[PDB]
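Novice: Take a look at the letters that make up each chain.
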Amino acid sequence: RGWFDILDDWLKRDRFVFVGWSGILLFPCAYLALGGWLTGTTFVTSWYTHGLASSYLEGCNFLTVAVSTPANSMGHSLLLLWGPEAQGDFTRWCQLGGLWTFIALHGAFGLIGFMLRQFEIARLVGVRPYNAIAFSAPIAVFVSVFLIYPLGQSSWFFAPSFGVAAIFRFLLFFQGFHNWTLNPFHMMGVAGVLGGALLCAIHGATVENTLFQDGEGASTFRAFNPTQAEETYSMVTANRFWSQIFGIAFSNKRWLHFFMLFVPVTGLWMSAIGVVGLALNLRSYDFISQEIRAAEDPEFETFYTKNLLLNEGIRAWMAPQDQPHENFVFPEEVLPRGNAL
Amino acid sequence: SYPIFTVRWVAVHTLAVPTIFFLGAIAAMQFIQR
Amino acid sequence: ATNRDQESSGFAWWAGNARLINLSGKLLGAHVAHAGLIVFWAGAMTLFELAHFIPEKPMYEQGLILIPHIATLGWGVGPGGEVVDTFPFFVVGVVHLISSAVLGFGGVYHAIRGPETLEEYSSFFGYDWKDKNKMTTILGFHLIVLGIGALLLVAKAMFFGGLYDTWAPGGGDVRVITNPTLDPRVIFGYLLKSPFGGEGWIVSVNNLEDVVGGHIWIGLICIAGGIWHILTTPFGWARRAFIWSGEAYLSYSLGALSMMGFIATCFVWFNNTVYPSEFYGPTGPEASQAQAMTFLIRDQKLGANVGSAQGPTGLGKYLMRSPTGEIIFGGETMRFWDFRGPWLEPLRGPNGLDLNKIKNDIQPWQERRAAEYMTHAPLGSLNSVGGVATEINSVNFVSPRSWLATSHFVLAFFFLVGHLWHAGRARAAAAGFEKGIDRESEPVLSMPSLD
Amino acid sequence: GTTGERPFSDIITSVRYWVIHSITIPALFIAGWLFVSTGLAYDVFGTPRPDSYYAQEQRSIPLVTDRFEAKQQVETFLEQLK
Amino acid sequence: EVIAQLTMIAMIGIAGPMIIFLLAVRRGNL
Amino acid sequence: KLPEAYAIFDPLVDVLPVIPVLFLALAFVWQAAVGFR
Amino acid sequence: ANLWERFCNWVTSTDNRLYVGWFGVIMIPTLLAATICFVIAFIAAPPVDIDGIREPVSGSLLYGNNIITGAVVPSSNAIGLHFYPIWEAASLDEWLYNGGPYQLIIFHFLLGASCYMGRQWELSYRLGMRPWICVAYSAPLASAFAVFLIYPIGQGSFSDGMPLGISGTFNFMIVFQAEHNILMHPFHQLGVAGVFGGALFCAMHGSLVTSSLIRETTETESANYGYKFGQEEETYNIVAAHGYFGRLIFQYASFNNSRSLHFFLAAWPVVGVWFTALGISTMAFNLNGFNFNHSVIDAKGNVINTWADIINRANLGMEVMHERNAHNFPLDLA
Amino acid sequence: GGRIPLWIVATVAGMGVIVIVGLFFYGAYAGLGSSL
Amino acid sequence: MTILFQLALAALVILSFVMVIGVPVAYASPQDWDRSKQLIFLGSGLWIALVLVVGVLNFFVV
Ligand code: CLA
Ligand code: CLA
Ligand code: CLA
Ligand code: CLA
Ligand SMILES: CC1=C(/C=C/C(C)=C/C=C/C(C)=C/C=C/C=C(C)/C=C/C=C(C)/C=C/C2=C(C)CCCC2(C)C)C(C)(C)CCC1
Ligand SMILES: CC1=C(/C=C/C(C)=C/C=C/C(C)=C/C=C/C=C(C)/C=C/C=C(C)/C=C/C2=C(C)CCCC2(C)C)C(C)(C)CCC1
Ligand SMILES: CC1=C(/C=C/C(C)=C/C=C/C(C)=C/C=C/C=C(C)/C=C/C=C(C)/C=C/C2=C(C)CCCC2(C)C)C(C)(C)CCC1
Ligand SMILES: CC1=C(/C=C/C(C)=C/C=C/C(C)=C/C=C/C=C(C)/C=C/C=C(C)/C=C/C2=C(C)CCCC2(C)C)C(C)(C)CCC1
Ligand SMILES: CCCCCCCCCCCCCCCCCC(=O)O
Ligand SMILES: [Cl-]
Ligand SMILES: [Cl-]
Ligand SMILES: [Fe+2]
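Chains as they are written, first to last, in the deposited numbering: chain d, 12 to 352; chain f, 12 to 45; chain c, 23 to 473; chain e, 3 to 84; chain y, 17 to 46; chain k, 10 to 46; chain a, 11 to 344; chain j, 5 to 40; chain z, 1 to 62.
If we strip away everything but chain d, and leave its shape as in the complex, we get:
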């Protein structure tokens, strides 16, 4: 048997941690994305790219550490360690934001590896690959938000930085500049995520409260044998209950579990499409008819106009420090402010 068939044998051994052909891509890239984040949040600054401290070493805590995006002046440089910016100098690579592209790009290939892993294992064990299919939604989000979005903008600077508070800043940037809450693709995404959590809770609670008495203990967990043939809960009682409480109910267990796949996967795919639009500043920012009316009628006020005033506050108060390379100087007198505050 050829050397290829023997390597195949070893890669597909049943061991504690399955490896597979997909592992040659997955494990190096996943470990290095993870490792680069831990390394950067622990030891690396964002002083030269953002004017920010960003590491434990500098006195940040778990919420405020980040591996921050490269400076706007880097454009969309791959920021290779050996490329023209760092010129092989590791220390200068860190200071210029190289760990961001390092993590983003190894993370991208690591996600590819994870999906291939899902295909590989599904094939060997003999199951259908719906789990791989479902993981397309996390991938579409990661690609749309961390890659496509900055590629449409001026630079990687405006991608999300890898940190807790840094992502919160990203959220508020999207409100203030993109009016992203008003975007129907985001709204569908919200529905799919909140709807998914809903399905998760309601399906778990329904099963747990239509169980059959299959043992005599008050702890009902032990009355389940993974190899039993019989359903462990009553589809029929569950159906009656929800039919009479809510008016409709599931009657088909296969549809129910396919729906649980469909809802959040579809939601995340919709949100990814909206962010591709925002890559180009193709926002759902305004309603023209409201703006025409409001411009002419100073007594016309809605919650839509109230929220644009907030956005306008976000943009002017956050821009000088958030986009330090623009050298925005906004004297006190130009800042938008309501009375007193």
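In case anyone wonders, no lab produced these hints; they're calculated from the structure.
Yeah, the Cβ is synthetic: ideal placement off N, Cα and C, and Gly gets one too.
Fair warning: there could be bad hints in the mix.
[Unchecked claim] With beta-carbon atoms standing in for the labels, derived distance ranges: (1) c:416 to d:343: 13 to 23 Å; (2) z:61 to c:252: 41 to 51 Å; (3) z:38 to y:31: 17 to 27 Å; (4) c:260 to z:10: 53 to 63 Å; (5) c:56 to d:201: 39 to 49 Å; (6) y:31 to c:174: 28 to 38 Å; (7) c:56 to e:25: 38 to 48 Å; (8) y:20 to f:12: 28 to 38 Å.
Add chains f, c, e, y, k, a, j and z with the ligands to chain d, keeping to what the hints say.
Specialist: Chains f, c, e, y, k, a, j and z with the ligands in isolation, oriented as in the chain d frame:
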């Protein structure tokens, strides 16, 4: 009996050993004064 | 050897205290030992507070929740709420801490060495949950103990030195209460007050005579009810309406405690009589009113006619009318015009704030208190950065009123969940399907289809 | 079933395990401690110590504003701290 | 100082596990 | 501040309030000792 | 049999197409009242002086809104927490101006949804079920109480309750972030874990059961026809699904017990949403998110900004602009 | 092979994480990051 | 009595720490059923006495 060096062994030590190192770095940082 | 594993008791370790349901003696131990933990905390915590207490800072700048309760009862405090003797705080602290040891001892005794069940050692201490006569007898005794406790507060107020009275002339003082309110039109009128704005149900109690009088009523009511229940057994209608089991009784009490937690949450947030702002800091409404007062004072000192000053909206910048016409402070604090407090009420006339009193009679002590309370509003971060969320680090402050309201909302909420959890379980178990649906007699299967 | 590796419950309760790791764990910890206490992590990664974010009298941030001259820009900001 | 605090809470903290440990040696009624 | 007589016990008083949570933790040390039976 | 007992049998009958029940006796009128008022108000209510400053906000479709911008607007700040039933107004016109529909709707709705929860307990008892579905619903229910009831209580006004509209919700969220830094609060961070994880585990579970459906159909027909309502046998192979998922991660990171798996699905989102509801309810009393503003300073004392300071700049823009005409004094203390 | 009881190793492991965490929370109040 | 009020108190502290560990262990080793029941009796009475002693001495050092 069992093996003691496995793929698993490498996986755990690939994570475990940098984790301890990093923790000692972070502990030391709590005593940095400005 | 009894219960103590899953195979024999029916409950896994993570539900292990359910193994105690029919082991009255070990169960007695658990309750007493847990009472030890409560009394311990009251003791240890008071000593901690006392060790960390600086008498010249306000109590509410020091993270104190228990010393304020002791001070409110008239101990260690003088006029204005100044602390004059810390020894009583020490005594309260030490006596609870000592007492927890004896409770601890008796609880560990009953839980470990004492008899696992009591019903054979004596028919008085032993009980069956289904014995409705015995359960009301225990309820009866505990009602009497509660009525006694309410009358101890009365004893403290009327005979043993009085209570701190934030409303007392001259900035507040300890005061013996000699004429408690007994008129039930006042006392039970509080219970029929609406809980909405300007009314506030029982949270609106604003004088210590009503407070002492209500505890006279409640002490006597609890004592009379205790005797009632010792001597009676539940009527047929009550028998048919309730579930009679250990778990059901638990669930009834969890519902009660939940209700009480939500009430306490609102008490500490709104009421500045039994939670004096001298000790707990201003209420949210109080601090917001104090701001308008502060800048009214400043601007009037500069020469502004504050009564005729039209603000940007057309409403008064400083003063406006509430929707029933009372004169009140303007701006966003218009929502808080139901606020009443001793620093403000001297400016109040029959139509609300009196402009003649505002122009002429504001004393320096009112300006000081308004400035103090404005700058100790109960707003702050979880890491105790005082102020609005956009404030910079500097002031290390979160109001005791926030700590006490937030904690007890969370507690009250989870105890409502516990009520629903145990109440539903007690119903299911009494009817026999708490462990699941019987495959051989699934009730839905014997029902006509819906359509 | 089981994939043949030694059970973790077995290794971590074993004395050979704690013999090896009573040394190795604390040794790694001290190494990480020393990495920072020596000041070495500052120089590996280029992270300012508390005294080297700004020059004494300057209030501007040393932002890199050029792509290909950026490494040289950073080196120039570092010399202006001496 | 903070020494005494930590020495105190070190001793209190060990007290719990000791009880368990002692009863396990003496094959007590855990 | 405590009375000066008791000041030597200040560090002990500082740590007493955490004791009740050690009980909750002790329950788990105990159940591990009995294997969560 | 007497009228009362026939009525009681009907109320609690398990044969009604929709269960009524004693909780339903209150739920039905209160939900109808709230639903009818909401629909009429959303379409046709005139502008409402939400902030009490005689600046009416138009919320209804006939007064120039669309579905996204329309709302039933919260009642006037001048009212605060006072009860404002229709009969307390001099006229319907006054009641509409001051935002009375909002109180009527939210009170009937909270009452009706609490009884919805009790009704879930009640039917589960009549059917011989276990009783805790209602506990799962307590998580969304508590969330509704927080934004319509608790947060107004703590802040002193229903005018700061959540508006009944799409853009009004966004307004509520933005102002909340400015005044409480909710993103930096761990109970909201727990809520996000709850809902992201809930969606994750929803898709995981659906995909693993779908992956391991037993072949019962041909390629022409829907695989859904291989399951028959009421069938005694399971339609998928959980051992196979465990075999796939155990290898994807490792064996013990995978569930073999269906009951444990489904309890986990119930528990994760419910707990997370309990925490986020408790987040709103405790920020209602101004115990706000973590404040790391100017937490890092250098050897001289210069402030070294972190990402927390950048969040604070956005927060400040929200703060200084919201309700731009409503503040006369420099601190926005509620 | 099992010489050392699991419950002992768990408690010791447990108390070791408490201390490291505790230290990190101490550090939020002292030195870098304390605002002081 | 100063230094000796502090000696009563640290006596009390010490005895408490011994009672805290010893009482539960005693109670759950019914091997030492009778041997030990005399000791807790002594310990308990001695504890109550130290508390009383510390309580009166307080009013000579407070
Ligand atoms: C911890 C307190 C406590 C508890 C748990 C009980 C429990 C009990 N009592 Mg006792 N009771 C108590 C204190 C208590 N009592 C005191 C202090 C007194 C003296 C006043 C009495 C006087 C008393 C009498 C006279 C009777 C009972 C009875 C009963 C039984 C039925 C109660 C019932 O139906 O619930 C409540 C259920 C109801 C249906 C009550 C009415 C429901 C409405 C909606 C409540 C609204 C009115 C409310 C009473 C006040 C409004 C306040 C509101 C603003 C919050 C039950 C064993 C009955 C029994 O069987 O006696 C042997 C009985 O007849 N009790
Ligand atoms: C699957 C593993 C894997 C993958 C996919 C990547 C992928 C990447 N790494 Mg990472 N890396 C890895 C492992 C991996 N790395 C490991 C193990 C380490 C530690 C040693 C690193 C350390 C590391 C650093 C330090 C950096 C990267 C960088 C990069 C990026 C640029 C790589 C590049 O240009 O390669 C160029 C090389 C190739 C594409 C391989 C060419 C292969 C041959 C020569 C083709 C010849 C064809 C031949 C004629 C036909 C033969 C046929 C056959 C039958 C024989 C890319 C995202 C850079 C980065 O992230 O910058 C932002 C960077 O700076 N990597
Ligand atoms: C307030 C907290 C509290 C209290 C009072 C109790 C009390 C009790 N539990 Mg519960 N339990 C708790 C929390 C609590 N538990 C938690 C958090 C869990 C989950 C981990 C459990 C899980 C659980 C299970 C699984 C079981 C119990 C059982 C029991 C009972 C017998 C235990 C036994 O034999 O111990 C034996 C243990 C020992 C002898 C070890 C020493 C323990 C002592 C008490 C230490 C005391 C130290 C203290 C400092 C002494 C100072 C004395 C001083 C005053 C002089 C007892 C009444 C058992 C039961 O119901 O029996 C039928 C049982 O099976 N519990
Ligand atoms: C509500 C709590 C409670 C209850 C119902 C019981 C019930 C019982 N205990 Mg336990 N016990 C408790 C608490 C409790 N005990 C505590 C706290 C301790 C530690 C001091 C003990 C220690 C203990 C032991 C060592 C023994 C019992 C025994 C008994 C049984 C008979 C007791 C008897 O008849 O004495 C009658 C009671 C008296 C003669 C004294 C009555 C006067 C009381 C104590 C004064 C009231 C104090 C006041 C209300 C509290 C505030 C004071 C404050 C200023 C400090 C009975 C099952 C016995 C047993 O199980 O037999 C094997 C036994 O030997 N108990
Ligand atoms: C980047 C880079 C690289 C690599 C690196 C790596 C690979 C690293 C790794 C690293 C690592 C691998 C690290 C780790 C660390 C860890 C840590 C830092 C941890 C910590 C943790 C903690 C702290 C936690 C704990 C806890 C808590 C907190 C609570 C709950 C519980 C518990 C216990 C879990 C190289 C060479 C290529 C070069 C270039 C660049
Ligand atoms: C049963 C059980 C349990 C529980 C237990 C409990 C809960 C207990 C309690 C106990 C207790 C509750 C105890 C107590 C104790 C106390 C003490 C022991 C005290 C003492 C005191 C003193 C010693 C003092 C002194 C002093 C003074 C006098 C002054 C100042 C200073 C000082 C503080 C030093 C558990 C869960 C674990 C497990 C199972 C079983
Ligand atoms: C002290 C005081 C006072 C007074 C107080 C009083 C006099 C009170 C009373 C109280 C009361 C007098 C209360 C009561 C309550 C009641 C309740 C809370 C009820 C409940 C009910 C229930 C829960 C029922 C249920 C049911 C039904 C309905 C049907 C069938 C089934 C059952 C039975 C379950 C005042 C404010 C002046 C001031 C301050 C202090
Ligand atoms: C008052 C007083 C006193 C008393 C004291 C006492 C009462 C004590 C107690 C103590 C205690 C009471 C303690 C305990 C401790 C405990 C602990 C230290 C635990 C921990 C735990 C852990 C670490 C866990 C782990 C684990 C396991 C076991 C299993 C599962 C998993 C885990 C990992 C969770 C004295 C004498 C000082 C004198 C002075 C005064
Ligand atoms: C596909 C897998 C890719 C793995 C890549 C590993 C890369 C590690 C090598 C780093 C070498 C940097 C030194 C070169 C500097 C040259 C700069 C210059 O010529 O100006
Ligand atoms: Cl606004
Ligand atoms: Cl204002
Ligand atoms: Fe399922």
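Novice: Please list, smallest to largest, the hint numbers that this structure does not respect.
Specialist: 8
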